[PDB]
Amino acid sequence: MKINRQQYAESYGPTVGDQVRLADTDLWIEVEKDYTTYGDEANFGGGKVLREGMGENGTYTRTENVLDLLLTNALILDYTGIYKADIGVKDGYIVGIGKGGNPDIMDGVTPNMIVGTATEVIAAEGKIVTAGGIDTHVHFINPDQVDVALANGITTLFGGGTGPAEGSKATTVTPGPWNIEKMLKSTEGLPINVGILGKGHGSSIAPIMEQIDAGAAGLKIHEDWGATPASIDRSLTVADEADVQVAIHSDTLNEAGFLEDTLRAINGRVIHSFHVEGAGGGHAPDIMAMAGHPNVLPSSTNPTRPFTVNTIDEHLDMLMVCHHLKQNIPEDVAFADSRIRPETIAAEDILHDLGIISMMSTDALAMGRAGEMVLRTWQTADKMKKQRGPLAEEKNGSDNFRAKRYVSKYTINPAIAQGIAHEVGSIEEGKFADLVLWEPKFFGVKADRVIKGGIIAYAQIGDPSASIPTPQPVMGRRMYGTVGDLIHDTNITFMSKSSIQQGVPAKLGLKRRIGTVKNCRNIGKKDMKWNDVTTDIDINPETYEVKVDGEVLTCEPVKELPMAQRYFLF
Amino acid sequence: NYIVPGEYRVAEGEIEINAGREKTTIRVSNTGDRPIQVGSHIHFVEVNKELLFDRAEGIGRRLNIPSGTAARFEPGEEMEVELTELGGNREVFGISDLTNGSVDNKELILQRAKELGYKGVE
Amino acid sequence: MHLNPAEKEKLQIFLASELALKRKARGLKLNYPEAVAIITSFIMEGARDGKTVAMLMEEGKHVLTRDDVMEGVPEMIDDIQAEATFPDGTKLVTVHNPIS
Ligand code: NI
Ligand code: NI
Numbered sequence: 001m002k003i004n005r006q007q008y009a010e011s012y013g014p015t016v017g018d019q020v021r022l023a024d025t026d027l028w029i030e031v032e033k034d035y036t037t038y039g040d041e042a043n044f045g046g047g048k049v050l051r052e053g054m055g056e057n058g059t060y061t062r063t064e065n066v067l068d069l070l071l072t073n074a075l076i077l078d079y080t081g082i083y084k085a086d087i088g089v090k091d092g093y094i095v096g097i098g099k100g101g102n103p104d105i106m107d108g109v110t111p112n113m114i115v116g117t118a119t120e121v122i123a124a125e126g127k128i129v130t131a132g133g134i135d136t137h138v139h140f141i142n143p144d145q146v147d148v149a150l151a152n153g154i155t156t157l158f159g160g161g162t163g164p165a166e167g168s169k170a171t172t173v174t175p176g177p178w179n180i181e182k183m184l185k186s187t188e189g190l191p192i193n194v195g196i197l198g199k200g201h202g203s204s205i206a207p208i209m210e211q212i213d214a215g216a217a218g219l220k221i222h223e224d225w226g227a228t229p230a231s232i233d234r235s236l237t238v239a240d241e242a243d244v245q246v247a248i249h250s251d252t253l254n255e256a257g258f259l260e261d262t263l264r265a266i267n268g269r270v271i272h273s274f275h276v277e278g279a280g281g282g283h284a285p286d287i288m289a290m291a292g293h294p295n296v297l298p299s300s301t302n303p304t305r306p307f308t309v310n311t312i313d314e315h316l317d318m319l320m321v322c323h324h325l326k327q328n329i330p331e332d333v334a335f336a337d338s339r340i341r342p343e344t345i346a347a348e349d350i351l352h353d354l355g356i357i358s359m360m361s362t363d364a365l366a367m368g369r370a371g372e373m374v375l376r377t378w379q380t381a382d383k384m385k386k387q388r389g390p391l392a393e394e395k396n397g398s399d400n401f402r403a404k405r406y407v408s409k410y411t412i413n414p415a416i417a418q419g420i421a422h423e424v425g426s427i428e429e430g431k432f433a434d435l436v437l438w439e440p441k442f443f444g445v446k447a448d449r450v451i452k453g454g455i456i457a458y459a460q461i462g463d464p465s466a467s468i469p470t471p472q473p474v475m476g477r478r479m480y481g482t483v484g485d486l487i488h489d490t491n492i493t494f495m496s497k498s499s500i501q502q503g504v505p506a507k508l509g510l511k512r513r514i515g516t517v518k519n520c521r522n523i524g525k526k527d528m529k530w531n532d533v534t535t536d537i538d539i540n541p542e543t544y545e546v547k548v549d550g551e552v553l554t555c556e557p558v559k560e561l562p563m564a565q566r567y568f569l570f
Numbered sequence: 005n006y007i008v009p010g011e012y013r014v015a016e017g018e019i020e021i022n023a024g025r026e027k028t029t030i031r032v033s034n035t036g037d038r039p040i041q042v043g044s045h046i047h048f049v050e051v052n053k054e055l056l057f058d059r060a061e062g063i064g065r066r067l068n069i070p071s072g073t074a075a076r077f078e079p080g081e082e083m084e085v086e087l088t089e090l091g092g093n094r095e096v097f098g099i100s101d102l103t104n105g106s107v108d109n110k111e112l113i114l115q116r117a118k119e120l121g122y123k124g125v126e
Numbered sequence: 001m002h003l004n005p006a007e008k009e010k011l012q013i014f015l016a017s018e019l020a021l022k023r024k025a026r027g028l029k030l031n032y033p034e035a036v037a038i039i040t041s042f043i044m045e046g047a048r049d050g051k052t053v054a055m056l057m058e059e060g061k062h063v064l065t066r067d068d069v070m071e072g073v074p075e076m077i078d079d080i081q082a083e084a085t086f087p088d089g090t091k092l093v094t095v096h097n098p099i100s
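Chains as they are written, first to last, in the entry's author numbering: chain C, 1 to 570; chain B, 5 to 126; chain A, 1 to 100.
Worth double-checking, as some hints may not be accurate.
[As the list claims (entries may be wrong)] Partial selection, computed: residues in chain A whose CB lies under 8 Å from chain C:
| no. | residue |
| --- | --- |
| 1 | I13 |
| 2 | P33 |
| 3 | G72 |
| 4 | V73 |
| 5 | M76 |
| 6 | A82 |
| 7 | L92 |
| 8 | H96 |
[Claimed, not checked] Pairs of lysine-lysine, BS3-like flavour, derived with a Cα cap of 30 Å:
| no. | chain 1 | residue 1 | chain 2 | residue 2 |
| --- | --- | --- | --- | --- |
| 9 | C | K559 | A | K51 |
| 10 | C | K33 | B | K110 |
| 11 | A | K24 | C | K385 |
| 12 | C | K559 | C | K526 |
| 13 | B | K110 | B | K27 |
| 14 | B | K118 | C | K2 |
| 15 | C | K525 | C | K404 |
| 16 | C | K185 | C | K518 |
| 17 | A | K29 | C | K386 |
| 18 | C | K33 | C | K386 |
| 19 | A | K29 | C | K559 |
| 20 | A | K22 | C | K559 |
It should be emphasised that the hints constitute simulated quantities derived from the structure, not laboratory data. Backbone N, C-alpha and C fix where the C-beta goes; we use that ideal spot for every residue, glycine too.
Bound-form chain C, shown alone:
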């Protein structure tokens, strides 16, 4: 029985070779493979396939391969690839990508993806399913920011803070075992995966290491607390012994040494460079050279992503997070000039497009936007596609390679950096069921659904007092996955191995799932996905002219962007 591709794409979603435009951007993603069998597609509804005695098996119990949730006809976009498949979720963990259904009456059904009485069906046809975004740079300032992340498909927040405190407003640091314990207790009410970073400063090992023993998932070295080489040495030693990641916010003033001194202090050890470009913070002006080292994992905050006409003017007055500046003082005005360099931002755009910068982050409420990581990532992708044109590996007029490269910048690379890749980061079997469903016209702007631990945690849903869920006002809303004790089962609180072994979750009475931070000091730049490029970056100390392999790096700012006024009221 013939079916034209249009009707098939309308009914079950685009198949092999069918391309989908991402939001209002100019990026087309083409399906590479399909795991379903034609004519045996699984769908739910009255008179549809998934029924007892039909594509749903009514014989086996829960323990006999029957899933707990099946996402049907999903369009998986992941660093692994872009392909159509059905997702099986059991016990809150992804237990299969393939063809789910009834093995008795269907062909090619994945053996562990039997649809049974315990299965709950979610129709993902016509939607793009992505892994929950990981945010490694989060200033915990406002409890309302969590929803701001959830509305943009972010499921993990890594960082420190105790609220609207000056140290928290400036640095992602939860200083001290007591504050770490208090924030860990507070995280029981946040419907999001949380990782807490401690203060990686001090001349002695013990003050830093007691924070890790208290439950810290990592360390942050900020120039506000003093980014001396002694602090870097002690923090890196503690991280190596405890197997946790260290984030560095280098010394902008170059007070205790230039970038070379910081590199010597690091001594080839694995470190995570926050806002490696420099505008957010770092060694003025040659901090971006850190992006060229194999032992450095570079990230970049969103406000400079991408290069726009208003980026230069906006960023000048937002510098007040670090310390306040007066427009008539000769020194602090000079501080502003050497901090925001348009050449560095223009080069950072291309570095992101060239796979040199590996990750993306918000660095929220501290010269960063909480709910624009994915939005600005795809805006940068579209702008670089328009300017630089298609990449070398692209083919068939599709942007599959660019999509894979840019999706890794906020899904798997942060997870690998923090060592939480074994649990979250990508849509793979055995990983936590953190999924985001986007409508293709709202992809990267508003998340249609956010499922955490196999239960829908956030939804763009309409009036709660109507006959059906669709009528206006359609807005983001917390779902049943964030209500009551369920909020303890759908979220993970990543902590250090030593804290977990010492019984910190039991001592503090934490009810959330506990994730182990591991495999952090054995990784490097080559461990990044689609962004494992190491080179030499020359930053001119005089004109800030950024050069790579002898060629200049610059781009023209764009006045208009996709994922813009077309979507947002303000």
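Since the structure of chain C is provided, determine the placement of chains B and A with the ligands on it from the hints.
Leaving out everything else, chains B and A with the ligands in the frame of chain C:
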């Protein structure tokens, strides 16, 4: 150069559903007084009793229609429907409780169908 | 006032539509949210005025045109559904392709 957010650019050609399967064409009538819609993947020998057709042809077969679609039978009307073989282990459990096992046991299925008076059993 | 959450939510729709009308008054091209708000508020106001559900379903296709919205917006809005208090009770109004 018109741009539409989230629009598909589908490929060329068609796609054949249930490829490489045996196909049959049977005549099905509705002798009841109410409309009857049959799903795509339901075993065809266990469909409503009021449906008149060669029930032996419905064993191990289902409607060869796009998944999620249904075939409608109005009262007092006849259609030509294409049936395709089932897949996998070829076992049917539930529905009308006619098979509850492998579909290869034909004569037992027809005996059970005639016990409850399904129309079209020889 | 004795407001159930329904009125609390629909006041936001009214405010958004008022902002959308203010923007449209100065020659601005409406995006997806302003258009959605405007058609929804038109539906609710018509229901308050006593119009039947069929009349609202008809006239919802003519409140905004293709020229009053930005590029690609009309294709984004497949349909608009609104629950409003008609004189006979609370009813659902569905307008298919309100921007032609
Ligand atoms: Ni910083
Ligand atoms: Ni920060």
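Each hint, compared with the structure:
1. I13: Check passed: Cβ of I13/A comes within 5 Å of chain C, closer than 8 Å.
2. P33: holds (5 Å)
3. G72: Hint on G72/A: holds, closest Cβ of chain C at ~6 Å, below 8 Å.
4. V73: holds (7 Å)
5. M76: Holds, because the Cβ-Cβ distance from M76/A to chain C comes to roughly 6 Å (cut-off 8 Å).
6. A82: OK, holds: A82/A within 8 Å of chain C, min 5 Å.
7. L92: With Cβ-Cβ at 5 Å, under 8 Å, it holds.
8. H96: Violated, because the Cβ-Cβ distance from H96/A to chain C comes to roughly 13 Å (cut-off 8 Å).
9. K559/C with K51/A: Violated, at roughly 45 Å.
10. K33/C with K110/B: violated (38 Å)
11. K24/A with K385/C: Since the Cα atoms of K24/A and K385/C sit roughly 33 Å apart, the hinted pair is violated (cutoff 30 Å).
12. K559/C with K526/C: Violated, because 35 Å separates the two Cα atoms, which is more than 30 Å.
13. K110/B with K27/B: holds (18 Å)
14. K118/B with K2/C: With a Cα-Cα distance of about 36 Å, the restraint between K118/B and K2/C is violated, given a limit of 30 Å.
15. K525/C with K404/C: holds (17 Å)
16. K185/C with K518/C: holds (22 Å)
17. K29/A with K386/C: Distance of about 25 Å is within 30 Å: holds.
18. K33/C with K386/C: holds (27 Å)
19. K29/A with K559/C: holds (18 Å)
20. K22/A with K559/C: Given that 30 Å is the threshold and the Cα spacing comes to 25 Å, the pair holds.
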